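Heads up, the chain below is alone and in the form deposited without its partner chain; it's given as structure tokens.
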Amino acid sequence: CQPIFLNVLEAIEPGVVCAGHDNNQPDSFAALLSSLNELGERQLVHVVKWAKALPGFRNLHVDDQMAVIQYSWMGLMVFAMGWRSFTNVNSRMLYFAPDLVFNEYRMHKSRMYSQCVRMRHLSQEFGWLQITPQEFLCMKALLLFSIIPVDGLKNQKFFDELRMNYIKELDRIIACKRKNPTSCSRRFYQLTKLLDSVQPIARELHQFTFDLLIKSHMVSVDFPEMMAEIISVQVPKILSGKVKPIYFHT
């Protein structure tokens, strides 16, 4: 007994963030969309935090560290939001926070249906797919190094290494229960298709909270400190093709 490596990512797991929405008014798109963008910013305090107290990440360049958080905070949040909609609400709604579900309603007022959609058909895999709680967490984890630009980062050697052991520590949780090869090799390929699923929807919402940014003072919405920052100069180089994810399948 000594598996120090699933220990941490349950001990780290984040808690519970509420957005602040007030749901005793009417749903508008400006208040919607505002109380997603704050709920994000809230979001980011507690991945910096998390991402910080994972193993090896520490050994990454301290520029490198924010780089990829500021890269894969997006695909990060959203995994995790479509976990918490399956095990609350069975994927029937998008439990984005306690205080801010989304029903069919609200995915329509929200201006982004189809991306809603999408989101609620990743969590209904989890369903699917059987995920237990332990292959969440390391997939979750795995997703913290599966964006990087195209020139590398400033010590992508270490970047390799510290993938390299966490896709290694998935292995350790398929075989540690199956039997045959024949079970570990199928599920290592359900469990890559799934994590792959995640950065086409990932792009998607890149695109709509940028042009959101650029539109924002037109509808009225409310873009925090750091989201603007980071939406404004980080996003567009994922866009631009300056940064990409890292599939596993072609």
Contents of the next structure:
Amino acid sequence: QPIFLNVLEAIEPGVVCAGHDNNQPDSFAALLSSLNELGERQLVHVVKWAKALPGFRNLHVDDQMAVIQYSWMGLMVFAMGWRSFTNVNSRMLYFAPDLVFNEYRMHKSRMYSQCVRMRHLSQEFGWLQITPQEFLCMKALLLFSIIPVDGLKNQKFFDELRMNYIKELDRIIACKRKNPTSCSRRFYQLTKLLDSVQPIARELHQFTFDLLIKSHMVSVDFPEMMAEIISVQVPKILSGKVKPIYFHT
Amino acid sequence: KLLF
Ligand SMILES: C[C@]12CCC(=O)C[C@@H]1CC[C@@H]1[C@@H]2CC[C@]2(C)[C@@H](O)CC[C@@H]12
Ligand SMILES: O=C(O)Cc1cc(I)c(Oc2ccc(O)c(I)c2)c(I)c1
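To complete the pair, please output the form deposited with its partner chain bound; the form deposited without its partner chain was given just before.
Every component of the complex follows; first up is the chain already shown.
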């Protein structure tokens, strides 16, 4: 019974515009300010999405706020790469309908290398032929893939919720294969695909953090929440107090 | 909170 996939397909966030005025010359300040808006806006959907995930509400209230604040980067990035694959075919980074990056914008944003890694991540969806169901499960798993070293208020329930989503992932895979090797290798690819999101997210955390500090020097504006999160939560990740949960080592 |  696909009750679970039912829920994931139903609660999946629709399209979100960054409000970018594609009339303005692609400058550093304009591009990043629009991505910050996109992030702020897209953050709102992430919150509604999560609170709609099976079992998410049961987690403690504080932990609910923490897991979102720690894993939002990786979530938005993962989804972004999906939009780029299914759309612009991965040639470019489909951030929002009104904010699609090309080679030029990648350079002007002062984060060309990171964009390359994201484009590659985007390409992986093709190489691995990730079906839409696999995408959803993996994305859900990402919310539960980064936590504080000290632990959550109720780690007990977190470990169990995480464990379940993983089962769901396996369940998804083993619904077309028959071989003992087939389902096994597929799981290996995905768990790796998932791990690879972490290093990318970590570069953007660093990047946005530095950008925030010298935000007034470069005329880049950070919305209310985006500024608050990058200065309180992100620093815990960069300082190692919050760390991703990797499948492999 | 504010957005939760
Ligand atoms: C999460 C966003 C916005 C949502 C998305 O589609 C992925 C993309 C990845 C780069 C982020 C951007 C939000 C604003 C950030 C954090 C900039 O400050 C630097 C890196 C940007
Ligand atoms: O069997 C299926 O496909 C559906 C399914 C999916 C999940 I995720 C699941 O896990 C929990 C765990 C704790 C909790 O409070 C809640 I609400 C759900 C269970 I149980 C069943």
